[PDB]
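Following the hints, complete the assembly by docking chain B with the ligands onto the known chain A.
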Amino acid sequence: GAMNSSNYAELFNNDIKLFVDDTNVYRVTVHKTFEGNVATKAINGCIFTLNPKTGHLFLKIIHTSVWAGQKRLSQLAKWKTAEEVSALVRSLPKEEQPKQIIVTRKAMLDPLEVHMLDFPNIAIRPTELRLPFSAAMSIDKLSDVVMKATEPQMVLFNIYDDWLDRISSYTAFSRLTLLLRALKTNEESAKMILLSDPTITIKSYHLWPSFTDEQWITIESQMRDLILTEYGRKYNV
Amino acid sequence: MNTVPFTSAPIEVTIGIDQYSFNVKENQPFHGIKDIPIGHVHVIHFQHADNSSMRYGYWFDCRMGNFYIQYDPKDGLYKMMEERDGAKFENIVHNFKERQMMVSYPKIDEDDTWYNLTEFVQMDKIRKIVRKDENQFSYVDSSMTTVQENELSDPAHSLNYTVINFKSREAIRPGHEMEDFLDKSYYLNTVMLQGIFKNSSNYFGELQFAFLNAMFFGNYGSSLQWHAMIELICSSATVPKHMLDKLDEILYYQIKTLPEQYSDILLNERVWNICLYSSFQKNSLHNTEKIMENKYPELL
Ligand SMILES: CSc1ncccc1C(=O)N1CCCC1
Ligand SMILES: CSc1ncccc1C(=O)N1CCCC1
Ligand SMILES: CSc1ncccc1C(=O)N1CCCC1
Ligand SMILES: CSc1ncccc1C(=O)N1CCCC1
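If you read the sequences in order, they're chains A and B.
Numbering of the first sequence is given in the authors' numbering, commencing with residue 1833 and proceeding in unit increments.
Heads up: the second sequence runs through residues 1 to 152, 170 to 317, numbered per the authors' numbering.
Same shape as in the complex, but just chain A:
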C-alpha cells in the first residue's frame, strides 16, 4: 500500500521501482495585466521520475506549448504526467519496466492508475514521506536544460553522479534528500555551501561537486546545520 518510515528500506531492494514527482510539471509566474487584473504566464516544467536504487533520473521536460488552448491546467497537468510516465514504461523493455511506481502526491494515483490499466501487475503507490523533490529545479544543470527547451524533450542524468561506487543506494538517497531539503529550505545558503570552495569543481556532467568522502561528511553536516538554522529562524526557536 502506502510507503512510509516503517517500510523505508524497500526502496533499495532489487524490485525495480520509480518515484514520480509532478510538482514541477505546471509552473507559472503570476503578473498584473495592463487593466490591473491578474494573469498567469506558464514556463517550462518537468516530470521528475527517479529510480532510487540506481539514481537514474528520467527528466521529461514539459514545454509550455502543451498548455496552449487547454483549460483547467492544474488538473490536466496530473493527466499529462500520467500519460508521459505510461509512455516511458511502454518504451522500456519488459525486464526494465518497474514493478511499482510511487507517486509523491496522492492526486496522481487515479490519473496514473487509469493510464496504467494495461499494466495490472504494476503497483501504483502513494507515500507518507514528505520528499523534497520539488527542489529539483534548484539543481542548476536540471533547471538549465528545462528552461532552454524549445520543444518536448526527455533528458537522462544520474542524480547520484558516481556516488554508488563508494556508498550504498540507501546512503545515496539519504544524501540526495538532505541536499534537496536544504536547497528547498534555503537555496542561497545551500548553494553557497556546495560551491564555497573553488578547488572542488562541480564536474561538467555532475549536479554536485567531486567531494571526497571526508568532504561529504563536512558538507552533510553543514546542510543539517542550515536546515536546523532555518528551522530556528522560521519558528523563533
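If you are wondering where the hints come from, they were derived from the structure by calculation, not from laboratory data.
Don't take every hint at face value.
Claimed, not checked - Label-pair restraints from in silico Cβ distances:
| id | chain 1 | residue 1 | chain 2 | residue 2 | range |
| --- | --- | --- | --- | --- | --- |
| 1 | A | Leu1961 | B | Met54 | 46 to 54 angstroms |
| 2 | B | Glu315 | A | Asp1976 | 50 to 58 angstroms |
| 3 | B | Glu315 | A | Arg1962 | 34 to 42 angstroms |
Claimed, not checked - Quick partial rundown of chain A residues pointing at chain B, CB under 8 angstroms, derived from the structure:
| id | residue |
| --- | --- |
| 4 | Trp1911 |
| 5 | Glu1945 |
| 6 | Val1946 |
| 7 | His1947 |
| 8 | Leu1949 |
Claimed, not checked - Calculated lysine-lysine pairs in the DSSO-like style (CA-CA distance at most 27 angstroms, straight line):
| id | chain 1 | residue 1 | chain 2 | residue 2 |
| --- | --- | --- | --- | --- |
| 9 | B | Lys263 | B | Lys307 |
| 10 | A | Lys1903 | B | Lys184 |
| 11 | A | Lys1938 | B | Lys299 |
| 12 | A | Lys2016 | A | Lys1980 |
| 13 | B | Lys184 | A | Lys1938 |
| 14 | B | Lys128 | B | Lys263 |
| 15 | A | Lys1973 | A | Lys1873 |
| 16 | B | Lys215 | B | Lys299 |
| 17 | B | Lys184 | A | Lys1926 |
| 18 | B | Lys184 | A | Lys1892 |
| 19 | B | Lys273 | B | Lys263 |
| 20 | B | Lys299 | A | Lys1903 |
| 21 | B | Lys184 | A | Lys1931 |
Backbone N, C-alpha and C define an ideal beta-carbon position, used for all residues, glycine too.
Okay, now just chain B with the ligands, sitting in the frame of chain A:
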C-alpha cells in the same frame, strides 16, 4: 387479482409482500395473501422470529404460473413452489378464501408506490440476474454475493448484475483516459446502454431491482450495484433528457419508500453528495434533491 396460498405457517415469521410487512405467530391459521395486483412483479419475503439472520424471499409474476408457499422443516425455510394442476390450485384457493384464512394485499387506490418502484422491472430480466432456470420465480437472500463481489464464492448462488468498474479497460478508451474518467458518457451511452443493456428501460430495471433487493433483504452487494448505476449516470455529461427526468422520478420514489431508520445501512454519503452537489447532473434531479434534503439532511 391473484393469490399465493400457504400450506401452513409452522414457525413464527414476519412476512412481507412488496412494501408491506406483517407478523404470523407460530402455528397461526395463516393460509396466504389474496388480491395481489396483476401486471407487476412482486416479492414475498421472510424474516424468522427466532433468527432474524438470513432474510430471504421470492420474486414472482402471477401471470407466469400458480405459486404457493410451503414450509420445509428439513431446510428450515418457507419455499415457493409451482402447482401445475390448475384445478387443484383453484380449488385450494377457493376453500381458503371461503374460510377467510388469507390476508388481503392492501392496495390503497390512490397509491402508485409499487408501480413506481417496479416500472421497468421484468421477470425475464430478474431470471437472468438470478439463475435458477427450472423455476419461474427467483430466490434472493441477504447473504447472496454479486458476480463483482466474487471477482474481488459459489457461482450458482450469485447475483449476476452487470459489472460496472470506473477504472477498467471497459470504462476507459485508450487515448481518452482523462476524458473518459472525468466524463463517463462513453461508458454510459456506448458501452452500457447501446452495448450491454440495449435501452434505458433495461438499465433502469436492473437499477430498480438492485434497490429493492438491497432494501428488502439488506443485501450489501445489491446496494453497491444501485449506487454504481446512479453514479454512472450522474457522472456523465451527456445523458438523454428523458433518462434524467425518469431517473429523478425513480430515485424520488425509492428515497420516499426507504425506512427512515435504515438510511445509515442503505445510503452512501459519498455517492449522494457527489451526485446531488458536484456531478454534471447536480441540477437535473430536482425531485430527488428536494426529498433527500428534507428527509435525510444529516447525510448531506
Ligand atoms: C540516467 S538514465 C540511465 N542511466 C544509465 C544507464 C541507462 C539509463 C537509462 O536511460 N535507462 C533506461 C532503462 C535502463 C536505464
Ligand atoms: C398484506 S398487508 C397486511 N397483512 C396483514 C396485516 C396487515 C396488513 C396491512 O394492511 N398492512 C398495511 C400496513 C402494513 C401491513
Ligand atoms: C443494505 S446493506 C446491509 N443491510 C443489512 C445488514 C447489513 C448490511 C451491510 O451493511 N453489510 C455490509 C457488510 C455485509 C452487510
Ligand atoms: C457494483 S460496485 C461493487 N460491487 C461489488 C464489489 C465492490 C464494488 C465496489 O464498490 N467497487 C469500487 C471500485 C470497484 C468495485
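Now for the hints, and whether the structure bears them out:
| no. | hint | result |
| --- | --- | --- |
| 1 | A/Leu1961 <-> B/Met54: 46 to 54 angstroms | holds (47 angstroms) |
| 2 | B/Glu315 <-> A/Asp1976: 50 to 58 angstroms | holds (57 angstroms) |
| 3 | B/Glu315 <-> A/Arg1962: 34 to 42 angstroms | holds (36 angstroms) |
| 4 | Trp1911 | holds (4 angstroms) |
| 5 | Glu1945 | holds (6 angstroms) |
| 6 | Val1946 | holds (5 angstroms) |
| 7 | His1947 | holds (5 angstroms) |
| 8 | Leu1949 | holds (5 angstroms) |
| 9 | B/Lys263 <-> B/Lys307 | holds (16 angstroms) |
| 10 | A/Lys1903 <-> B/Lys184 | holds (23 angstroms) |
| 11 | A/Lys1938 <-> B/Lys299 | holds (26 angstroms) |
| 12 | A/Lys2016 <-> A/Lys1980 | holds (22 angstroms) |
| 13 | B/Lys184 <-> A/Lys1938 | holds (16 angstroms) |
| 14 | B/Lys128 <-> B/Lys263 | holds (24 angstroms) |
| 15 | A/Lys1973 <-> A/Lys1873 | holds (23 angstroms) |
| 16 | B/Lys215 <-> B/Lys299 | holds (26 angstroms) |
| 17 | B/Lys184 <-> A/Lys1926 | holds (23 angstroms) |
| 18 | B/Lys184 <-> A/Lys1892 | holds (26 angstroms) |
| 19 | B/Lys273 <-> B/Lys263 | holds (15 angstroms) |
| 20 | B/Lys299 <-> A/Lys1903 | holds (21 angstroms) |
| 21 | B/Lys184 <-> A/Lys1931 | holds (19 angstroms) |
Comparing the model with each earlier hint shows no violations; every hint is respected.
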